[PDB]
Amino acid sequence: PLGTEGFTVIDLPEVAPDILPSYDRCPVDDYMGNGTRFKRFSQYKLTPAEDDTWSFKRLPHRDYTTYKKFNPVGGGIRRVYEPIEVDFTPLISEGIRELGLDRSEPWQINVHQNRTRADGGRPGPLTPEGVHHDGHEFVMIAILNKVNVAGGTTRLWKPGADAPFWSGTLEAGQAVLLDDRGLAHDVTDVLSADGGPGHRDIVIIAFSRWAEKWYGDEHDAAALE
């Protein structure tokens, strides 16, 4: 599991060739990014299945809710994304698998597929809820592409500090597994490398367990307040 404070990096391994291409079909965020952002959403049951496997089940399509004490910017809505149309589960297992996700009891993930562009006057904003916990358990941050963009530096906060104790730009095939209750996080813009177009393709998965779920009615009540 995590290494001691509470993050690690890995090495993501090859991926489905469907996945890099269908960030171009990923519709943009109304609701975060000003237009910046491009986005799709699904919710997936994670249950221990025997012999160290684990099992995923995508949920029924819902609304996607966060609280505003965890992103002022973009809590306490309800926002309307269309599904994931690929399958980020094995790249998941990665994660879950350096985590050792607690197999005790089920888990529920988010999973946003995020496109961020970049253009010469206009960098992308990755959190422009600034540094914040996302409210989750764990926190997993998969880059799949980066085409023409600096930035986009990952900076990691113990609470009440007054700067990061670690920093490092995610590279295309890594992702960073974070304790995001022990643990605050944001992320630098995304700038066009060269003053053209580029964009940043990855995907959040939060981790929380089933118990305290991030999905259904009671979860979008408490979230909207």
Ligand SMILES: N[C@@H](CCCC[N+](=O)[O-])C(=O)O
The other form holds:
2 protein chains.
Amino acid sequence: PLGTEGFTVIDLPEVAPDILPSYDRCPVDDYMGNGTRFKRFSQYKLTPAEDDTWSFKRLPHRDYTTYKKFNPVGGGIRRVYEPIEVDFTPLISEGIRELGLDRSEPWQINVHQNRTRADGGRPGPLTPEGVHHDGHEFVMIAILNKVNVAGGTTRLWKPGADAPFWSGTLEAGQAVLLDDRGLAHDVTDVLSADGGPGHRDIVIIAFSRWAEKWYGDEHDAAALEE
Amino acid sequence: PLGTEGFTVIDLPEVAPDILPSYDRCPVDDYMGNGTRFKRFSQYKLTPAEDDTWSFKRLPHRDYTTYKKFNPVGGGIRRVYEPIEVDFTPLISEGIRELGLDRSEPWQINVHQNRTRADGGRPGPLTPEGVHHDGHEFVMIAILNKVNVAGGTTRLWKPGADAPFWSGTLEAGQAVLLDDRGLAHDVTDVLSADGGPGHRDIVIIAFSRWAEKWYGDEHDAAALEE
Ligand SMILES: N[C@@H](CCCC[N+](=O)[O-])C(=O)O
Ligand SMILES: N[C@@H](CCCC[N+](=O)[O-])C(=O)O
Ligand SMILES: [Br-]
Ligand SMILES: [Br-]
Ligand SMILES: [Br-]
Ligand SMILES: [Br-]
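Okay, that's the form deposited without this ligand, but what's the structure of the form solved in complex with this ligand?
Once more the chain from above appears, this time first in line as the rest of the complex follows.
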């Protein structure tokens, strides 16, 4: 499973030819990033399959809801996103293999397909939450494309620490897997590499056991404090 | 001067008839509030005048810059805003009288004319910074108009405290004056009162001594970490 410090960085396999172009068709995120972020969102059930594989089932499309206690800037509201068009589940299966997810019960994943844009004088913020936990058990963050950007350095923190214990800029074709309970994280802003427009295209996958799923009326009521 | 707990709430005089309509002509804030906020911005030199009054001089229009250490979601960047069209200096004089601003040196003020909109299912965030200091010596927040909104409760905090020591919902025609060093503040989100659109129209005035002004090349370089 994960490295002893609670994270692993991996190389990603080649992706299908529809993945990178699909980022050009992500609409603006009306809730986060103040116009610098573009997003699609889908959720899946993840079940252990015989032959020691995993089965993915796309769930009916629902608004994204998270808790203010994890995300103070985007929590506590219904966030209406459009579904992801392409199939990230081959990519996600690489992360699962490295996580060694507990096969004794089913899992539920949130999948966020994000583009953040940077331009001269306007960095693209990646973690306006600051140093945070996502609220899930594991998180996978995969970088699919970077064009004309600098910055975007991932920092991993022990809870309460004054400084991160690991920093690294993930490049296209890399992913980090995180123990999202034991570690906190942030990412420095995306910067324009030369003064002109640039962008950073990623997918974030948040893993929870189905028994603790971030999906459905009970989760929504809890996250919205209803 | 201010109350012994570092703040005072005051009633405001009647304002000129052009002030309330001017909020309809404030452009969207491209940098904060994710489309829920509209803003104009101007800066003034503030000097003591004989017969125990104060004189205001509007300074050449410059981008707003603040520090990430005070504002993690809107700091560290050049924020290009349009100037304020109306004259808030009569209202600001009411706050100055209550502050008892030291007349032994000149001052510099930042003036933010803000509208935050709320709608059903979409609150209007007021302090995405969370509990914060603005970074100035004194702050005045004046409420000019509230239409069909709830929430928007000001909370004042001792430094490092885990709960506020005072809470109150400022109404149209009220202002709070704050010791921005000795106390921190936040405000709960603006909510739609009935499920439909509503808005809250305010002006924020941040006071610094001219010797510590938030204006000009040196300030900008420090706030941008250049
Ligand atoms: N904090 C990110 C989402 C990261 C994934 C967490 N999850 O699915 O709850 C956002 O609010 O857009
Ligand atoms: N934190 C508010 C500004 C409040 C006044 C503070 N000032 O002038 O620096 C914003 O970023 O829009
Ligand atoms: Br944001
Ligand atoms: Br914001
Ligand atoms: Br002068
Ligand atoms: Br009240």
